[PDB]
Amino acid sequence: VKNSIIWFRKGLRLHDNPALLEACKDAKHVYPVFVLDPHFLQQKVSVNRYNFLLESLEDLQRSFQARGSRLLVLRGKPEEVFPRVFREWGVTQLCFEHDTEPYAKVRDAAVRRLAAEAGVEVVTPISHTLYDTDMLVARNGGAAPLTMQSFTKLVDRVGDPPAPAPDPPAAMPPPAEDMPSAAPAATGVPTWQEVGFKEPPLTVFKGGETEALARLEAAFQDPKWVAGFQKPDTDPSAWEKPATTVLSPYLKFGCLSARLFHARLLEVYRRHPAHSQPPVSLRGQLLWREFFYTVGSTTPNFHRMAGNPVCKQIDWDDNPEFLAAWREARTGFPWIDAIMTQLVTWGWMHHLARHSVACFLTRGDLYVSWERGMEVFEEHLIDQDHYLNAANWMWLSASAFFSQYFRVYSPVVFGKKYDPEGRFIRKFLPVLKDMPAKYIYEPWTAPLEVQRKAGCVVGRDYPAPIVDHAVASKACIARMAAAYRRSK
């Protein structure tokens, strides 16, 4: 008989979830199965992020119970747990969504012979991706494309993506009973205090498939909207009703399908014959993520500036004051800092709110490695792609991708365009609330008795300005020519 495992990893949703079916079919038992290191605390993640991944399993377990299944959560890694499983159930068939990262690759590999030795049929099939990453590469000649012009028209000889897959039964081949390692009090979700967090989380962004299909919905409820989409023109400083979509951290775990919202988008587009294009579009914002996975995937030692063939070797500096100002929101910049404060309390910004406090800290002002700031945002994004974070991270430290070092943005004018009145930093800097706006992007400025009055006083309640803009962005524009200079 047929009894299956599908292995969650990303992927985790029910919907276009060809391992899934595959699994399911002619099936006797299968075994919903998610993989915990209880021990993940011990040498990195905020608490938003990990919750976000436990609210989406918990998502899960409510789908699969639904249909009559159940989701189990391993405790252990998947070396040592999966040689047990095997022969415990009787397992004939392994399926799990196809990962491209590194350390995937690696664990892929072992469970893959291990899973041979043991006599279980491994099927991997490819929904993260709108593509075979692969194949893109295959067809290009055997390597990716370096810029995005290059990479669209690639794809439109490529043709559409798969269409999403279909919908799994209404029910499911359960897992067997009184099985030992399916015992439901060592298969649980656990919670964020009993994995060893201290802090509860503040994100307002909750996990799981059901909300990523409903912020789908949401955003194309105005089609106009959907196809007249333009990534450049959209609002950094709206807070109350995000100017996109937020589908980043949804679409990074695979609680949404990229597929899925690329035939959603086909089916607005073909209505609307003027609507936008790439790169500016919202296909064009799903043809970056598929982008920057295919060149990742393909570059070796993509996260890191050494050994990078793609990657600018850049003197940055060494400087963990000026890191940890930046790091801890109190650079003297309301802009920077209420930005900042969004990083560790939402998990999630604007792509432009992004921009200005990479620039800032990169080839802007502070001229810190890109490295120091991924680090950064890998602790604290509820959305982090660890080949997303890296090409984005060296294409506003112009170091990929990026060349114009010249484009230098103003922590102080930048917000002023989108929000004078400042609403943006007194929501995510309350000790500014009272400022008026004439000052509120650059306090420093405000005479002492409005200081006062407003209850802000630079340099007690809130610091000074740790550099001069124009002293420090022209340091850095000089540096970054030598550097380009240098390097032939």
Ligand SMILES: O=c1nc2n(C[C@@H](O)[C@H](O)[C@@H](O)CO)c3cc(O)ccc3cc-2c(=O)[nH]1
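Positions refer to the first chain, counted from 1. If you superpose the two forms and keep the largest set of C-alpha atoms that fall within 1.5 Å, you have the rigid core. First, how it differs from the form deposited with the named molecule bound.
Summarising the superposition on the core between these two forms, the listed residues 463, 420, 436, 38 contain exactly one with a Cα shift of 2 Å or larger, 38.
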Second form
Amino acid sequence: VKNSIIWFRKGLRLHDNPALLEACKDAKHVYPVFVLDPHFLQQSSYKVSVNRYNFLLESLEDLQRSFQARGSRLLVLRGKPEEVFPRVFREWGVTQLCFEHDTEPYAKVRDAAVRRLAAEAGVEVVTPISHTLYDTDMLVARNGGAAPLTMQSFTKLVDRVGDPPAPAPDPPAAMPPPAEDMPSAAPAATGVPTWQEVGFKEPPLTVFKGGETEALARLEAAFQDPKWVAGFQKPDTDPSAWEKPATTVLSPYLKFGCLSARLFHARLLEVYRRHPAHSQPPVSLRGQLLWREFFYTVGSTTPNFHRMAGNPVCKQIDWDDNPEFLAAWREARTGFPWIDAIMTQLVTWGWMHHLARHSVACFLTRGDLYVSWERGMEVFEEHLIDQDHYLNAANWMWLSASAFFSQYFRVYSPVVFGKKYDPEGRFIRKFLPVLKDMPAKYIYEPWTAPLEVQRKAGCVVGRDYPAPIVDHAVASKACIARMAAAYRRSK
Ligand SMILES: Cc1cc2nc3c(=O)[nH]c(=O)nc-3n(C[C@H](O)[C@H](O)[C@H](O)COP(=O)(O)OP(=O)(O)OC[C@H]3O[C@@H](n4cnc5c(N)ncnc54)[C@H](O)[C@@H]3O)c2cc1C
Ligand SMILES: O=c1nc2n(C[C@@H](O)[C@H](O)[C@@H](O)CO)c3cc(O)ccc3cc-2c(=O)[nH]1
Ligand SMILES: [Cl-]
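Hand over the structure of the form deposited with the named molecule bound; the form solved without the named molecule is what we had up.
Complete assembly follows, chain above in first position.
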């Protein structure tokens, strides 16, 4: 008799889930499992806000509903996978364990340990690729055994390899449930908890809801305008747009696997077929999925990718240990409203537009404050709802000119950058209410408002909103000087 586990970690969906499909095939009982793992709650190492963790819980609640609707049940097991799984293998008479492959450092250690244990229990292990467009090992293999290090040569590689696989079909309308009266499957030990019960003190404030149903809705909303999809150009999109964000906001759903990257890609290709002037990579929407694939592919084959030291793709730079600069940045009190509004969005929504992530990451690292990208990445690791190990590392290295990108003379202005999109400062008025009534003339530079104007707007620099912590002209020149010297020490 076939008794199977479908183990969810990412891949939090029923659509495009070949793992799930294999688990159901010829099965008497299927046990859908997510292991609520203490590794992600020990705030010592690994950081997570209530925003992200509650987005996860919402996604698990949506899975529960999808499984309940098909005659089954999601089991949220508490514990370390190494010690939970041997128990349930025996208790449930498990013959097959299915899960979606992942390539992160923790995933590799965890997944090796669970395979060894599975083999000891006589349990078959089935691990299809479906978090990424392609099997990332296959790509490296086809490229002659190393990952390409530019987006251009990565794009050429995948064009030679061909289209990603189709989304797998939808799973059956009825699924075999867990067997009755299994003690590790007791409802009360296996329900989706709340953020309160997991132990978060403060409520989540983000406006984006977790789960596959929300992911599919947001995918559908995006594809209701095929000209927009066809003509999408990432660098030409507006980072100050918040009522209707200028990009898809599909990142947290792709991060958790509430949305299938292959579904998204197949949908793009349908549109591109009927729209022959469609944008091409890297700026196109397909280009965006390829950035993701690119950084996963490089990231999974490089040791210490998420660090500077011991990381072969990363420049060793003499970053300042400057806790007050980092704290001002982290706590949204740099005195540059563009920067502080974005850092407020980070902590409220857990999502900003890519170019707002550029402004704040450039400002922290190579642009003004010369703090290590690792400090920035950690702050993003806590607050981003789309926090992705490889994508966050790679973009921080890109923005600090530590890897992939070397043009350290290009520095974004914390005053001018947003102003060319949003001269009235609508974005700033949203995320920093204290500047609601400041005239647009002064909103990017409130320290240049006459004192009469500051008082009239109820926002006096130094009292209600802080003075700027640097002079951008002085800070950037110094930072460019230090970057030049670090590059010359490297050669
Ligand atoms: C300092 C810094 C840190 C970042 N950290 C993260 C992170 O932790 N997680 C994360 O998903 N993205 C990260 N990004 C990339 C990018 O900013 C987000 O993926 C994007 O803003 C998400 O919005 P969207 O879903 O509307 O993307 P769209 O423009 O709609 O693109 C669709 C999808 O493509 C992928 N994608 C888009 N841009 C990029 C990119 N530059 N690199 C890799 N993949 C991309 C994402 O999965 C995204 O959902 C970071 C960028 C910077 C500059
Ligand atoms: O299997 C789990 N995956 C969790 N993941 C999912 C993955 O990151 C996955 O476990 C691994 O593939 C990462 O190495 C989380 C992701 C977040 O962004 C935030 C919190 C979690 C928590 C968990 C968890 O408790 N259990
Ligand atoms: Cl709990």
